[PDB]
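Peer 1: The residues making up each chain are set out below.
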Amino acid sequence: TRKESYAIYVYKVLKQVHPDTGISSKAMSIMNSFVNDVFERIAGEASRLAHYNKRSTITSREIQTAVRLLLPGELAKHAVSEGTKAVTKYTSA
Amino acid sequence: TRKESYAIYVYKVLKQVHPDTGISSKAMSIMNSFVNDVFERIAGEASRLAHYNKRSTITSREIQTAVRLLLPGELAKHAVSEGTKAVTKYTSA
Amino acid sequence: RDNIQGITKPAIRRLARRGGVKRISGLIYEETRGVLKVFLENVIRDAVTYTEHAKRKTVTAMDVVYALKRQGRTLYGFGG
Amino acid sequence: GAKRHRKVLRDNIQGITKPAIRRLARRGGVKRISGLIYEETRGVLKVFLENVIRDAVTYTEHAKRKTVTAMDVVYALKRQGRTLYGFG
Amino acid sequence: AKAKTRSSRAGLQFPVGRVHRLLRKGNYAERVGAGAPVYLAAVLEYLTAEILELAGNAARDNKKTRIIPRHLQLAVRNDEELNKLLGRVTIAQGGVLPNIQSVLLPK
Amino acid sequence: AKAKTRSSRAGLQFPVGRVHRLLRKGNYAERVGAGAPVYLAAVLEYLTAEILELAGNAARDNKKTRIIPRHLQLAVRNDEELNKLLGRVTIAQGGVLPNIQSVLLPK
Amino acid sequence: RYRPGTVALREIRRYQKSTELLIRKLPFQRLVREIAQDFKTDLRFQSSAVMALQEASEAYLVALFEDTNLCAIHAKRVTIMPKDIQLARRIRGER
Amino acid sequence: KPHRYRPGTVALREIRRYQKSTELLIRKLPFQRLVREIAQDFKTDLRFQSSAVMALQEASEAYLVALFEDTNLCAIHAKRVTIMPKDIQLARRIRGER
Amino acid sequence: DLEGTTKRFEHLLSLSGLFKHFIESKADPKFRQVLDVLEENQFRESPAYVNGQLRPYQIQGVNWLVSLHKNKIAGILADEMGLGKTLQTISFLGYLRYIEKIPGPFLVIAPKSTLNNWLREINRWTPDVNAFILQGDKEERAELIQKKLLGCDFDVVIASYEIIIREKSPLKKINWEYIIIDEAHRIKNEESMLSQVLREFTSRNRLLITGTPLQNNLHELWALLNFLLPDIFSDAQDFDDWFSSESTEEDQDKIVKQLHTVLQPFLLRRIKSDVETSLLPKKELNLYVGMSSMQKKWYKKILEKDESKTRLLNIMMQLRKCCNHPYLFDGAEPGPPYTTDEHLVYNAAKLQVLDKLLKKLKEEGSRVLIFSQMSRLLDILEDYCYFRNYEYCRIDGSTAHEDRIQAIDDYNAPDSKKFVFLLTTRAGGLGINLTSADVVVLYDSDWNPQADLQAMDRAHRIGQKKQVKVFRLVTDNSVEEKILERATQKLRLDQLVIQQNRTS
DNA sequence: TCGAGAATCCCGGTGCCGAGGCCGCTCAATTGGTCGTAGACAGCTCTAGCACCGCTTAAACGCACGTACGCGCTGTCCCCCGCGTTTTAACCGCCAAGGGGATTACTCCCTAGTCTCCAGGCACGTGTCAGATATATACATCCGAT
DNA sequence: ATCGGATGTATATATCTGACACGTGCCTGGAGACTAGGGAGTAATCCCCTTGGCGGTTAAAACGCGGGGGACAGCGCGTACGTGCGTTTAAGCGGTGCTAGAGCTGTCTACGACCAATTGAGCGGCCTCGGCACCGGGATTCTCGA
Ligand SMILES: Nc1ncnc2c1ncn2[C@@H]1O[C@H](COP(=O)(O)OP(=O)(O)O)[C@@H](O)[C@H]1O
Ligand code: BEF
Ligand SMILES: [Mg+2]
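From first to last, the protein sequence lines are chains H, D, F, B, C, G, E, A and K.
Every letter in the first sequence is one number past the one before it in PDB author numbering, and letter 64, counting from 1, is 92.
Every letter in the second sequence is one number past the one before it in PDB author numbering, and letter 6, counting from 1, is 34.
Every letter in the third sequence is one number past the one before it in PDB author numbering, and letter 7, counting from 1, is 29.
Every letter in the fourth sequence is one number past the one before it in PDB author numbering, and letter 34, counting from 1, is 47.
Every letter in the fifth sequence is one number past the one before it in PDB author numbering, and letter 47, counting from 1, is 58.
Every letter in the sixth sequence is one number past the one before it in PDB author numbering, and letter 11, counting from 1, is 22.
Every letter in the seventh sequence is one number past the one before it in PDB author numbering, and letter 19, counting from 1, is 58.
Every letter in the eighth sequence is one number past the one before it in PDB author numbering, and letter 31, counting from 1, is 67.
Taking PDB author numbering, I'd label the letters of the ninth sequence as residues 101 to 127, 130 to 143, 184 to 448, 460 to 657.
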């Protein structure tokens, strides 16, 4: 019985940032739990943003507002920059 | 444009408990907000109870478990008793 | 524009007298204005975020209630 | 003789020993401890364990199981606003 | 046939169909069982009966016959378990319990 | 025709399709728009890159080459913004920042 | 005259008996609008929004002063000082 | 004359030692008996996993370490160096756990 | 390695062609190269360098061992217990000392209670041998490794089951000629920690010694047999599928005859009733006795789950306490001095008989041995022997090392007035020598009969001159009748096969 | 008073087991269609939020002064720390049994969806008394004189 | 301590008055009846992983002891804050007026759900070596009597 995770993607990002540093198994489990946690937070805030305005569709704009509600300080600015760059690249391709 | 609330139902329960007592409008708004808050707490807890067990249906079992999770101590026993009495009277009818 | 001075000394002493404070020093006032300004900055930041998301220009009561619920300080009494 | 009944004296809250509480206080940054911290710390720890094990037993009973797994404890800790990373 | 509400046949005072609609149109889960809103409506009616009874007693103590939010604040904050439930909730126009520390009193 | 993954279209590294599946089957809203999972995967990739970069620098500060959870604990608690974000999270096998109070040091 | 510490206790009884607000309206409204200038220019407030902010701010400061009073009694004093408020915000996690 | 230290040096050396390392600080079998004794009151004949007991032990040690940090701040605020039971009662009263 | 592989096949291919059927049955390296080459192409006088005399069957037992060394293969000295397997092992080493003239590095391994028994009989028989008993703490093992082990100033090292795990890194560094393992029951598992360490040392031969073969399964014996000669077998599933567990599908029992034929040039086992050496056999009874009136309530306070509010997660073990003694449940014991009277035998079932039996035996001049499975039960028997004022010694798990040695010789003292002698099962009766007693009682049974069979023959060996009367105690209509009947099911599946390999 | 014993850090050697990397399988992602509908957008209405003005008066500001509490300093005393020695139970390995978690197959019944009908609930007028407020009056409540 | 002596607090009486309780007309959302299909309840089976206890080693807990460093109580002192009085000033109330923007309705239309055929990205399983974990020796650092 299979059981999915985020391990190989975290490992790819690790090989982009530090080309030589490895990672343990327990730290991989910690990063997996971190990604699931931040996913649940942003999805919950986007869901009840869509519920407050009596819309029915989670677009990218509710995700942008959920990021600007959750992440503090410069993380919000850099995350909004990265997300807008990603969607702008995706639409033209 | 209408907006629904729980005003007349709180007024009925008040006339059952204290037969000779009115209630001001600000207290009516506070009781309305209380009912909506407790409804959202129990519904959200039962929703992720159903998600944690890979089910797809909120039964009375999840509502009973959510009430036993949220309400502290002596309120839980009387709440479970009142709910079981209501469902038992409803099924035989 | 020195509107923080509108939170005067007798207002802070009245808020302390409701709290149970018998005797107050003289340096409480600047710290209290700082605490109040930080708290208002956080709540109004979240409320203006909600209002800009709704594409309006008017801060309703519901946005303040949602911001206070977002930070953990739930408010009963102003609708919902 | 009479050795057959000499050891019934555990009282498992006393199993949290005095040097264990001192090791916890040394990690916490406490230089020098009074002699009455121990009973209070045992009481605090017992109340915390009662809350978390109550919620984990409720999550275990709802799934009709008899085996308190790790995800039940992680859900019970997230329920009280103390998230625990590293167990799923 | 003759119509009859579910709130009547279950023996409640809160509505049941409204709670059923709020469970379906709230995206809590995909399917909603037919015994869930009866149980949830009974729970909400019980909590409202508790708070209205305590607030009625608090209003009877001050010789008033209508309920102001001060009475709700007193009825919540004097109970143990209701204070445990509404622990991080500001009731508007509420006020504070009367409480003076012991060492501040004159001797 | 020839298939191509959407993560390669967006240039990301996290999977877009798995995020789209977890938003459709997560019961967050009725309909999920097409631009949401790309944006959400980009934000998750950014946060993962931040924590792994700080943990890599903290691992290099001890001449280690593999990231043990102590390194994640140091990299989170030494940052200010990640501490404000992960303020309630206990990391297992973490430990405490080395912090002795000032008055406990000998004269 | 009275002795120091009598009118203070009588005001404690008075302001714990009552229910109304304690900060004046227009200075608080000017303060809220000045803080809102930094985020989006030319906003517009409903009245109940400003009333909600004033109610929550009074509840916050009353809770803060109760915890400050507990800390100041703990240090064997009766007079609150700014280090008490710094401790009370350090314990709650507002650092 | 042997080499005794002044009272307090070994304490600071132990503070550095236990703030450097990350192992568990309570022995496993007494904590497991404690968990089972508390769990006997809610449902009889349970059957824990090993990782459940490890999760409870990690959470409990983190809770108590944070508690002793706040207790140390209170006792330093009262111009002492000794933590006392009224310090723990204060630090749990401020957090809102009474 | 490769020359000896042919030299192993000098005698294996001299047997039947089942070895050809086994080498070519892989699912195979260059063993097939040296297989196809050969496929196509003493000392019977009881030598008196020992101090004493041998036995005429033991001379045949010695000559089987040198035959294994002459053919350069391993083996198992699986003779029945009590027949003197130590004398055959020591004289085999003195064979290499005085005939082949090689005093080498020898390493023997025994249980902890038997470590002095080796070094006594080495000094009794071949006093020219430098031997240790590697005891001690981390401090005391620090010298003996550094002083005499690293200096290569020894002949025989006598270690134990746990010291061989704690000290594996100063013992890999020394090559060995033999690894002689007494009580080959710890190696019954293949994934155990002790077996994982023994497969890393360097050895010429390995005289594995046991008193009993396999206990439960066919899966147990090949795991012993795997670490005999791993060059030859090296198979887990293939040997299980070759024999298929005593024809569990067809019930033929003609595939079993090859299995007796594999082991007959590969093992030596001789029967105590075949070669007498005491000229007197043993008797046995099973005193089926009923429950006492107190524990009838206690048997009701368990199954209906009424004393109360505690864990009962293993009812097989919880009932097994009450079948033995009531005073283990913390609340059967009434008083604040917990009392002291004749009430103790009055409350227990087996103590009613045992009080009567010892008074029948104290008159007759007998000396009994009391065994158990539970350590905490022997504490109750200790207060009972103080109550009747009987002399004894109590050997248990985790008493000491040197306290065990004193208590053996106190009971094996001539004219010693110690009457009972409390032992356990998994620690006491696994190789000690107790010829000074005559009758043996088992207070309870065990999930392995060969554990109890290891303990019954304790006093029935060479040197005993009396009639051994074994008295098992069984609680009537209880779990012990189910356990003893389940154990008997394990016995007939084994011994009815081990009856056939010696005969054919 | 600088020297002296103990702890810490570092360097080189060894070894060992867990992360890194291939490999075969397969199921969930992708692509290509169809279609109903949530949302975007334009337009109209009407209401509440802004800005100003004038009058009143309650509250904030400023000042003096007296006292009582914060703070530092001393002395005593006793409680916790350091340390050595003896006991005891934790830790790991081993050995049994078996209970219960996890999976799969099959049938069935409970809920989503649809249509029809109809009454409970809501916005909208309207009387009317609970409580706010002034006004005189009784009573605890702190405090100086003695 | 008590006794008068101001003084704030509570009480009883009388009088408006606007928020509340109550009656009506309408309409949309809840109830009744019906049908389909897929979640889930149950039976049966396998095997992992939990429990209990013993053996043997050894590291940690318990206990007693000396002694010094911190807790605590008391004394004094001095300055900062409470209290009250007089002056200023800005909050509050009402009143008018303007209009910007919330809010509703109608009308397309791009777009996301749904579904069938296809296939490679990801996952479990299995080797394998190198980074980390000791191990012992040697140099350096730190605290405590000088
Ligand atoms: N030749 C012999 N003469 C006298 N006694 C012997 C002889 N061989 C063996 N024994 C007895 O055997 C006992 C030890 O035998 P042991 O090695 O324990 O047999 P096993 O190992 O089969 O039980 C010793 O007490 C010794 O007296
Ligand atoms: F191994 Be023998 F029975 F001493
Ligand atoms: Mg022997």
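Keep in mind the hints are simulated off the structure, nothing from the lab.
A couple of the hints might just be wrong.
[To be verified] Keeping only pairs whose Cα atoms sit at most 30 Å apart, straight-line, the calculated BS3-like set for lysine-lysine is:
(1) K:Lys424 <-> B:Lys16
(2) B:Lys79 <-> G:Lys36
(3) A:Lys79 <-> D:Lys117
(4) K:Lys424 <-> K:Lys280
(5) K:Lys310 <-> K:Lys280
Peer 1: Next, verify each hint and record whether it holds.
Peer 2: Right, here's what the structure says about each hint:
1. A distance of roughly 35 Å separates the Cα atoms of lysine 424 (chain K) and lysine 16 (chain B); the hinted pair therefore is violated under the 30 Å criterion.
2. Straight-line distance between C-alpha atoms of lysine 79 (chain B) and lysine 36 (chain G) comes to about 29 Å, which keeps the hinted pair within the 30 Å bound.
3. With a C-alpha separation of about 29 Å, the suggested pair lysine 79 (chain A) and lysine 117 (chain D) falls inside the 30 Å cut-off, and the hint holds.
4. This hinted pair does not check out: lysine 424 (chain K) and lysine 280 (chain K) have alpha carbons roughly 45 Å apart, beyond 30 Å.
5. About 14 Å separates the Cα atoms of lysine 310 (chain K) and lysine 280 (chain K), which keeps this hinted pair within 30 Å; it holds.
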